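Colleague: Each chain, letter by letter, is given below.
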Amino acid sequence: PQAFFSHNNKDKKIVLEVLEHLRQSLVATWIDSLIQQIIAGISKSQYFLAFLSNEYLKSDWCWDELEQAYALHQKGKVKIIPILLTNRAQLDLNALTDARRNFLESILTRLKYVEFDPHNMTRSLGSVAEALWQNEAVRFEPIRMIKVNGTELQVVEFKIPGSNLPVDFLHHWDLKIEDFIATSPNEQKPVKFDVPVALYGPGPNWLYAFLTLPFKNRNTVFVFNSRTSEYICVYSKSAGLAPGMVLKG
Amino acid sequence: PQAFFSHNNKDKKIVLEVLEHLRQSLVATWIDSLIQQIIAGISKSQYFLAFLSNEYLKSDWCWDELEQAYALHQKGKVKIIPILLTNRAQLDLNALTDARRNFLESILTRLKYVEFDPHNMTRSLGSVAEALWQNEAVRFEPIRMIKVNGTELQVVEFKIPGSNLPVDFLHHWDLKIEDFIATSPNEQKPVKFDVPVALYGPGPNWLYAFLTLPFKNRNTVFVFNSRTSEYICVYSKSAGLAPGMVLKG
Amino acid sequence: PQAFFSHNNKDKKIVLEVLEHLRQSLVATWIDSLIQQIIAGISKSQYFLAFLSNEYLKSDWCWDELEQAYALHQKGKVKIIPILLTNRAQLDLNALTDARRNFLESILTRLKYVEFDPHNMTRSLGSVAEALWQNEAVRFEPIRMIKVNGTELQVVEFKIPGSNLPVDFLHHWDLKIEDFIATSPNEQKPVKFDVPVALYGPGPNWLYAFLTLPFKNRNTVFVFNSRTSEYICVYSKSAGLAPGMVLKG
Amino acid sequence: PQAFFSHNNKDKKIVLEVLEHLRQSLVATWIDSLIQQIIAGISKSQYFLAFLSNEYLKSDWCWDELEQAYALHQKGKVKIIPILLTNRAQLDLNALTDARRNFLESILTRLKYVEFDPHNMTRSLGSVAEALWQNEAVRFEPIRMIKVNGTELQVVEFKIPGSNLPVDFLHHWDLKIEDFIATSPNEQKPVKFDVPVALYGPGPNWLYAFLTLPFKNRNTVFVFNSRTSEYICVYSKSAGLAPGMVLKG
Amino acid sequence: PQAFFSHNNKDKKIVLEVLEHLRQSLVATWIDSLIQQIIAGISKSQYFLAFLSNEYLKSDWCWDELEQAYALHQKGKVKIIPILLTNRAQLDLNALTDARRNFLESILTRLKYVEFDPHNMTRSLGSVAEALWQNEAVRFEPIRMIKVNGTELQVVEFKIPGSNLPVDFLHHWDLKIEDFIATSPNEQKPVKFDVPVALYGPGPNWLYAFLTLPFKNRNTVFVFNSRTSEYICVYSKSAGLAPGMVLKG
Amino acid sequence: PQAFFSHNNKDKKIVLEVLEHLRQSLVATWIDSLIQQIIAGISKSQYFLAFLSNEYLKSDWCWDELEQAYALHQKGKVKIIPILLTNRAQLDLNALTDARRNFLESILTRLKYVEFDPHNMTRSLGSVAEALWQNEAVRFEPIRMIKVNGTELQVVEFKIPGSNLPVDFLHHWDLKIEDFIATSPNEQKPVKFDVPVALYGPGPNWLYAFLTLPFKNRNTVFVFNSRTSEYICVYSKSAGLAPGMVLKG
Amino acid sequence: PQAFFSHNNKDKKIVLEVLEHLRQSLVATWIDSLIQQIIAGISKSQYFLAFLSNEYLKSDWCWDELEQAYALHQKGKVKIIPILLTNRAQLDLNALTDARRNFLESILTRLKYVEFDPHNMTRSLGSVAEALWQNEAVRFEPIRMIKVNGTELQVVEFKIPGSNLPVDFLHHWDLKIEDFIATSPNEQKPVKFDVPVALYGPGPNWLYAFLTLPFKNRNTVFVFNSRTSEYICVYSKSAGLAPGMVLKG
RNA sequence: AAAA
RNA sequence: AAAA
RNA sequence: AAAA
RNA sequence: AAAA
RNA sequence: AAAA
RNA sequence: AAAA
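Residue numbers (the entry's author numbering), protein chains in the order written: chain H, 2 to 33, 42 to 258; chain G, 2 to 33, 42 to 258; chain F, 2 to 33, 42 to 258; chain E, 2 to 33, 42 to 258; chain Q, 2 to 33, 42 to 258; chain B, 2 to 33, 42 to 258; chain A, 2 to 33, 42 to 258.
Derived by calculation from the structure, the hints in this document are not laboratory data.
It is possible that some hints are incorrect.
[Stated by the list, open to error] Below, in silico cross-link-like pairs of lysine-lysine (DSSO-like), each with a Cα-Cα straight-line distance of 27 Å or less:
{"#": "1", "chain 1": "F", "residue 1": "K257", "chain 2": "E", "residue 2": "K185"}
{"#": "2", "chain 1": "E", "residue 1": "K257", "chain 2": "G", "residue 2": "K156"}
{"#": "3", "chain 1": "F", "residue 1": "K225", "chain 2": "E", "residue 2": "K198"}
{"#": "4", "chain 1": "B", "residue 1": "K198", "chain 2": "A", "residue 2": "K168"}
{"#": "5", "chain 1": "A", "residue 1": "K246", "chain 2": "B", "residue 2": "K185"}
{"#": "6", "chain 1": "Q", "residue 1": "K185", "chain 2": "Q", "residue 2": "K198"}
{"#": "7", "chain 1": "E", "residue 1": "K156", "chain 2": "Q", "residue 2": "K67"}
{"#": "8", "chain 1": "A", "residue 1": "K185", "chain 2": "B", "residue 2": "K225"}
{"#": "9", "chain 1": "B", "residue 1": "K201", "chain 2": "A", "residue 2": "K225"}
{"#": "10", "chain 1": "E", "residue 1": "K225", "chain 2": "A", "residue 2": "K168"}
Given these sequences and hints, build the entire structure.
Modeller: As structure tokens, then:
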């Protein structure tokens, strides 16, 4: 899923660290316009993250972007998830005009907001991620660089809410995993270059095949079988990883 | 699994379509010595196909490989199954010498043979394949090309004997699939060039992932889900189809 | 893709160091008219680099060049990328006339701008290059001169956004790699004279063949194979470089 | 791979059309001594084609050439493939002395020979080529002069036994292609003069680059991409052809 | 009826054997322009025979000649019957351009074609003959030589489609018979020189008189009467025969 | 390419050194009328150099020469390259008459000019040469007297913009190398008398053969091969310079 | 390369026509002592042509000449290639003494000979030429006079063995061209007087320059470029043509 | 080809 | 096919 | 997660 | 990046 | 720049 | 300037 970030340069320190966590969760992100990038792809285009702040409300350039984003959001094209860097009590709603104050209160009440505090990074990163996948189909977890039996792996774990998906789910799923694979060790991507990957979590066989297939000539692939709770090697690109090796995970 | 064919030139006509049927079942066939390539690969080398015939045993060139193949069959390196072109009743065991007759009788009784007759090709071909797959892992029925919902498609049907597989089975398997995909339409191969291929049959997630993965950049891949019983598209290498469409049965 | 540079002589110090970085990215640069050079080649003509600055906006000759460039930009022949030498806040908008101020603000709001700061060289150059390639097909990284296994090399890294290209992409691609090869050691060009050139980045076979073909009798060519992740020599022009060694990277 | 032809003048008519077909398979042929030409090049020197016939073994001069060829074949530097112009049944074994008969019988059994019959040209020529390529790296089908979408070109299709090649394969290879390109229309060579050349078959990126590179300033180059199963033009050395046009295969 | 044969020299062997069979059916044939020879005779001009083949469509001379044949075929001057040397599926339609392929497909569907197979000569030749006579008046089976009661004789078998013919049909007929009578024994013609001819088949009185009359001073004439089913001699040019003898069937 | 120099006698000091530098670049220079000499040779006559200066505009003889030169420049016979001795801001257009000032301003604006500064001579000379070659085919660099391995050479280096020339380029190229060879050591010519020359830069073989050919019995000719990046001797007129010696340059 | 002809007067008719063919192939031939002419020039001296015949070996003067030729052939100064006017089968070995017979058999076996026949001149001349060039550098096909586009012209076709030549190859070459240019129309020489000469065949730049240069003031020179495949005129010594005209193939 |  |  |  |  |  |  794509994600457009609206923010001021003052909170630039914290947006990417939030964005990086989202990036590690196989979520497409776009920073730099955004209004015309909304009308692109499928109706499941992106979820707007309005990083509300005292400074952000003081910028007219940043304000009108929220107006156009919300105006077309009523059409159902996009959904907005506003993030409060400061708690609900201390927004400067007095400084803003009556039209702006009414506009902010309408979207703050009828639409759910996510509170953010820099002190507790762990829960805050979970809350934004939870709201991101709350209205979406099968979710993903941030990839974990773990070592099992002396072998380095990056496990890709996904969770299916309700344990049921539409049979034609892949038709409307805009998740192309090739864009998340690093082409070089120094390149920043969710999936490390040449590092073997592992698939985790319950799911139908067609979902596993769909994720496994684009990894040919890119990464060694492991899969998880709950019959023996062990990892199974199905692709051999790295040296020494024969197809069929078992890792007691 | 590899297969080496022992036969005479007179019975050649019977060999090829037997080999052709075996090739369609994803069985590697080597028709044209034979002894030295038996010592190659893994302990699961091949099955010696001795096309026993009334004339086959009348050639001194044809007798020895049966001896050497049997000689190393005692070592367990290979297993031999005899193809009886004619019935056991009218085999001319009188023609052979005493040593040859007893040797032929020793291998015919202690080792199971399979009867073959030109008249009923469908049963005879099935018995030969059964004699091939009886002591093997997950089976492989011949590739059948079917048009479902107006979409042409070929099915790779696999069935597991028993109910479970060793967790490390893929390590010792010798069914690398790259050698069964045609590169040009005119060239013959078990898998047609550019024709979408569907995987059908119950099995573990890793076995499906192992099969579909080498098909990237080669063929459109379909997969069967038993929850609703249609075919699911995972790879789109052909125009007019996308990953996620369904072919109702 | 070629690039046209419209700037004032005071910003000459920053323009060339910007220009050379673009040149190292396999981008054709034309510094020194420009209005008539716009109408040349393919519809993907060039990106107008308007280095807006406080000194830039007080030159009437510089203003009329921008006016015609934007006038044709409405026709879609050439798009403009305005790069700000100074940040928008300190731009001297009061000095200019009403029509010019409205004109400058019109292109500053509807069309995306990129900011430049002398302090942050690395991020400033990357932002300008990113603005160049965002609307472009397969992009190019700046050429890096590295030594692998004691052998001098230069790597031409290219990344394809979306991992998909039109079948007839080479038809409309205005990149002639011959013009970027130095004919003498002292000549300044993206590709060093007689230095081996390595090709890096995933891509189709035709893209690889098209890129390394013009290098015959000019440079020895290396290519990257991700199956074992190390460069392969395919052309031999220098002494001691047989075609076929592997350089572990 | 080099090829030396040992034959008698009576069987000459058969040799040329065998040599011509082998030449079309990008095989270096040397008809007219031979023993000293064996000591040349790499350990993969050549294959000795002994065109055995009833007339051939009556010549003392032809016999010593076979003697020295087999004597140094024991070192493994060259391997011999004996082509039987006549079937083994009516080979005049009584004519030769005891030493010659024992020698000829020794090399016919332990070494694989091929049968040649004047009636079945298509099967005989393929079998001889099959023995040539059976112990070899990537194959080379004879150049096919085809016409697609109104344009005429010669295709060069190659098959890779197995699926993978050694990383340093090109170092030991001896298939310098520039010797197979005709310089004049009347010149008879595997590659026609100025005729477009197409490469077909799945393989690594470096293999394709190594093949198209010597074709600069010689012929236009086409490559086959399996994503859309179409030929792609990379080089345009002739009018009416542009680099990047696509032919529907 | 006249007929022109359009073919290339590669298929010349099959055209002549088709040619002579049509000649025995009393069909005027012209092998070797053809376009201006179309405008000759009566509105029932002739039938065009386009010997389509994979090699036939690769000649521009054949194509342009075919186009003019179809161009004035629309005017109704001539009707074309395309005889396929190879089966329709094996037609190399990819080689032709868009215009040529569309033109060939237009005439293959809207206009009935005839399929030829060299394996089944007798049925293939009849289909060409059947396509020839399907839109024609009274038919003409090939001349057969039958020795009846020890007397050699040739039969000109004719049958009338339907049951009746126009009263003035003879006015527009193009089957003058003096051009099919051999003048010397060595010279080849549908009617043998000096051999008695016989007319067989139901028909009107004038049809028998019209055919019999040109045979005066040329050959002995026999007429078949269905009242008692023998042959009646009406003209005696050979010794030993008189007008009035009967040949019992 | 030819050229006439229009200047006042006060600028004679700087004109000759500019003329000498252009002469070193294989440019035919004519200093001392100029109007009637314009109509001579081919359509690519020359580029007119107007050495504009404050004193130059004060001469009626110089002014009327410029008028006729520009008047016939409109027909396209020759194009004018205006070289400004002083900067544009310092030109004295006030004392100049109205009609001439409009004439001067029309030329300066619609046609590109080159600035001249005696301080930065290296950039000044190159800028004039750049505009001199800017609208021309393959350009020529100033001759460099280089000693390589103790051997004196005068390298003639040429650059081809776009690496492609019309096949009949030599037909309309007005460059005769004979006139640039010094007949005596004291003669002032671009090519030194009896000093060996070298050809540098990529180009077609016929271009090389065209250049070295008129040097027979005049100078020893060296050529540069990029296969080993070494100079090759092809002519031996000087003592001790055999044809074939290699100079590692 | 130089050539010496050792022959008997009875075979003079066949010898001078062999010399004529060799002369046409740019081979300098001296027919009429020879032993002292062996020691002249470079180590690549000349190839001895011993026209062996039944009459030739019956002359003591011819026999002693061959012995000295073979005496210094062991020293490597000159290599001998023998022409068999008659076949080896019916050579009269019984005439020679034991020493002569053994000596002749010594050179017939360890040294490759060329069989010549009166009937098939075309192959016989080619075989003699092939032996001359087999151990040589860049070949030289016989000069052919071909008219292109109404212009008379002669072609000097040369081909390089393998693909590359030593960088200093020109130093040791003994193929000065001025000795093969006719000075008068009646005089016989490989290169006709005043007829334009064309150079054809792939090769390095210096090779073309070395061949082209000595033709100044002698003949018009055409150069073949493979980019577009025509001949390019570089020197104009004949009226009616200029440097730059093209001769379309 | 016996008025073609 | 005995005025088809 | 052994056709979810 | 082993026909993307 | 080894038929640009 | 070695048939300019």
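Colleague: Next, verify each hint and record whether it holds.
Modeller: A quick look at each hint next to the structure:
1. F:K257 / E:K185: Roughly 25 Å between the alpha carbons, so the hint for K257 (chain F) and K185 (chain E) holds.
2. E:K257 / G:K156: holds (24 Å)
3. F:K225 / E:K198: Holds, at roughly 23 Å.
4. B:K198 / A:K168: Not OK: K198 (chain B) and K168 (chain A) at ~40 Å, beyond 27 Å, violated.
5. A:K246 / B:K185: Judged against 27 Å, a Cα distance of about 15 Å means the pair holds.
6. Q:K185 / Q:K198: holds (14 Å)
7. E:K156 / Q:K67: Between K156 (chain E) and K67 (chain Q) the Cα gap is close to 9 Å, so the pair holds against 27 Å.
8. A:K185 / B:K225: holds (15 Å)
9. B:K201 / A:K225: Since the Cα atoms of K201 (chain B) and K225 (chain A) sit roughly 21 Å apart, the hinted pair holds (cutoff 27 Å).
10. E:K225 / A:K168: Distance of about 18 Å is within 27 Å: holds.
Checked against the numbered hints given earlier, this structure breaks only hint 4.
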